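Before any questions on binding or motion, here is one chain by itself as structure tokens, the form deposited in one PDB entry.
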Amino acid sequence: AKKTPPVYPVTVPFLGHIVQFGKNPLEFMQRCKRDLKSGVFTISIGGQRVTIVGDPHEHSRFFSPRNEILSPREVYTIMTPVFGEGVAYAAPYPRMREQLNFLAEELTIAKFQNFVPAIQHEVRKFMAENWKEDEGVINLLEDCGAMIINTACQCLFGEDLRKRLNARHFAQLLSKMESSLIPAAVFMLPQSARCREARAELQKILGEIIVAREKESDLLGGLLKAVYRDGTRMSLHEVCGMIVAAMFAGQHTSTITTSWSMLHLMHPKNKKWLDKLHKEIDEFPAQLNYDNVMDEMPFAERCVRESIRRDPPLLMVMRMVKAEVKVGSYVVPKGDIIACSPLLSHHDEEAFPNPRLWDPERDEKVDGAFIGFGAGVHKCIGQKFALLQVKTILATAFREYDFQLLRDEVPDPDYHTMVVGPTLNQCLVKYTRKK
């Protein structure tokens, strides 16, 4: 308006809206958009202006500008110690940029050939060490959280590295490094000591693994050959983070996505889809190749995307408005915190009629509406990988099994975590091994 978008009333001040927010952001965010007569709007959070972009037409405005205009570094100040000063968001954009490439060139579909089979294997194991019986009660959020970590390491970890680390141990270290995070952080330590310990431990372990490599093509090795613009290379420090960042990025996001996808599918209300998910994975063999998942599982791919569409794991993508930028009919003043929310966006009823309904064969009725993997200058570099894991798993686990939920309703998102997934205590599921 030659000026800033609409704002929202602060009943109890200098808290902002994190009071009514934290309980349910979706209930909340929807109130404001309807109430404020605008898909876009600003909110108070600790006195700090937060402008949420909730009109899907506008996503382009959010995801297109380069970091110098809209910086994401300021949001993730939280974890500079988790990856190391000068790694990821901690690094400078030119370097941060270069690092992104390194990881990217490690996850391209060029490296994905052994992956498919490497995946079928690691899951099939897990189940036999766990779903031993022909009827069992298992917590899916936890059983998935594990398989994802397993198969990912089976994919990006060298045989020698995986001998000196096992998923279990490595996960428990990521979960050591993580627990030093609390909800109100982006808007304002013996844990930094436990964070640095679990890290310095890993950082050392890795180096050793290197001593043995040289003296004699995985993610590690890949990052080793990595050369910066100026011919400089990564310090073990920088390296270490990168592997963590990679592993962290995919850990919760992927497992949750797998959990939800399974949760939807094992539902009776959702049988036809499961039935379609079979006419798909039926004539395949217990030996899956790249062609199989990639070019022949298209329906399955819809289910995973829908699940991410319905319950996005990252509710808010955020930037720092170093400079002004027009957004629809409004402007954004330097110093604002702008954000775009996949959770809000994926519920806009123009783009998604019955947003809470789970429809795999639905398509976005506003191009760009779906952002589960981001968009623009920052689209997910892990997207292709995550999908390959999840598709193969659902296929693996639905081929040799049938499922039922100890519930009537699929679980409810738990909004108390920085990375949202289905309510843990609801996930307990029970399997009937096929034969």
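Take the two forms, superpose them, and find the largest set of C-alpha atoms that agree within 1.5 Å; that set is the rigid core. Positions refer to the first chain, counted from 1. First, how it differs from the form deposited in another entry.
- Once you line up the core between the two forms, the Cα of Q20 ends up 2 Å or more from where it was.
- Once the cores line up, the CA of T11 ends up 2 angstroms or more apart between the two forms.
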Given for the second form:
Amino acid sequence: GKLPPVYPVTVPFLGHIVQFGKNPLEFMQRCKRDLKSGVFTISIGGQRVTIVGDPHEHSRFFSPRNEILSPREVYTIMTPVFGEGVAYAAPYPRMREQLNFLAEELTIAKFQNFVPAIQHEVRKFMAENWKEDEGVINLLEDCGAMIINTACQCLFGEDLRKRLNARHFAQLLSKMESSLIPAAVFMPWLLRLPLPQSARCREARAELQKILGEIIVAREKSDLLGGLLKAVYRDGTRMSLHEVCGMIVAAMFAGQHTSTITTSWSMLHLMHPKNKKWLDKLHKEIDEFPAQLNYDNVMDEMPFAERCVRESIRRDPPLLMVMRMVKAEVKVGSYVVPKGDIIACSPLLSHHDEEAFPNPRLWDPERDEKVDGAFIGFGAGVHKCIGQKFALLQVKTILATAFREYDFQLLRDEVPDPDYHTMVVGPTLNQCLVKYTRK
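Show the form deposited in another entry, please, because up to now only the form deposited in one PDB entry has appeared in this conversation.
Here we give the lone chain, stripped of any partners or molecules.
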């Protein structure tokens, strides 16, 4: 029945956000140490944020359903991006069905042809941008382009890509991102006020929706769009085109940076001299494969590539925190978290806990969690990442294709520092220069 200890209220407005941008790990470790507790509370903009910082308590955070811990209220910022009535802006039961419908479309049973479609786009991109025997590139910009290109080949039909290509898509998604006020998570009063950038992203989304309508009419005269319009709710009705447009935008938005960042970190580690052992170990795994790879190879026959990916996400999780609004009080350890808190779990913090991942700064693909449930890079339980399998697939295929055909050398002594200022954390951009060399 104890309230968690409270790191007492600071004066600068949203001042803890500045600390989360500079040294989030060290900050949350200091709170843990100095309050002598794995569960503690900070105040951000008058909003109590209770951080669950002990991996043994993960199940208490990820288990409860929306009737008790709800993410809807924390992601009010995305409502102009995905649309009213879509995903988290929808009532709990319609929301639940919508997410499941998108998940049905990203199950491993749907990746027939994805590996080739991906390998083809990767090969295309390397042909168009990495022409020389040798050259310098920014790995992070380049993986980004590969991720959106590959996503579009796998997911969109030939007629859709003709009308709206991957470069126009990345732009829309990048423009929408830039309209967000990530700190408004702690300023719900602000989101009740008219914002002009909200209307602009609504107008942009309307134009995309008009394009998807024109295509459906044309088709009516199997890809992601076509799959979602086949969906039937339990009440026997279909998703509206509005709702479908919305879920497509959520799909793409989610993956743009996280998968980019994950591909990039994984490559940055593999190419580093200090990790020649793992690179040789990856080559022993993938040199076995035919040129034109297949679903079976990447999915079923790449366990060690998967580890390299996992540990990159372990060491440098792209989403630093996972958050809910407590709609009814919840037990955590010896504490009770009261109604109205934001309750948060931190993959960064739990991935750097010395008990769960001894020597946490060391990238080591052959480690395993010493605390069961501690790895939460793709979340857990009810709200577990539904794109995990696609993202792994994309990223593994890109790793194999790229490393089979080129070597890479980082143009700096140590692996990039993560840059924590951004919504999705990745390696610092101007530290990602890389020399490539065709084999």
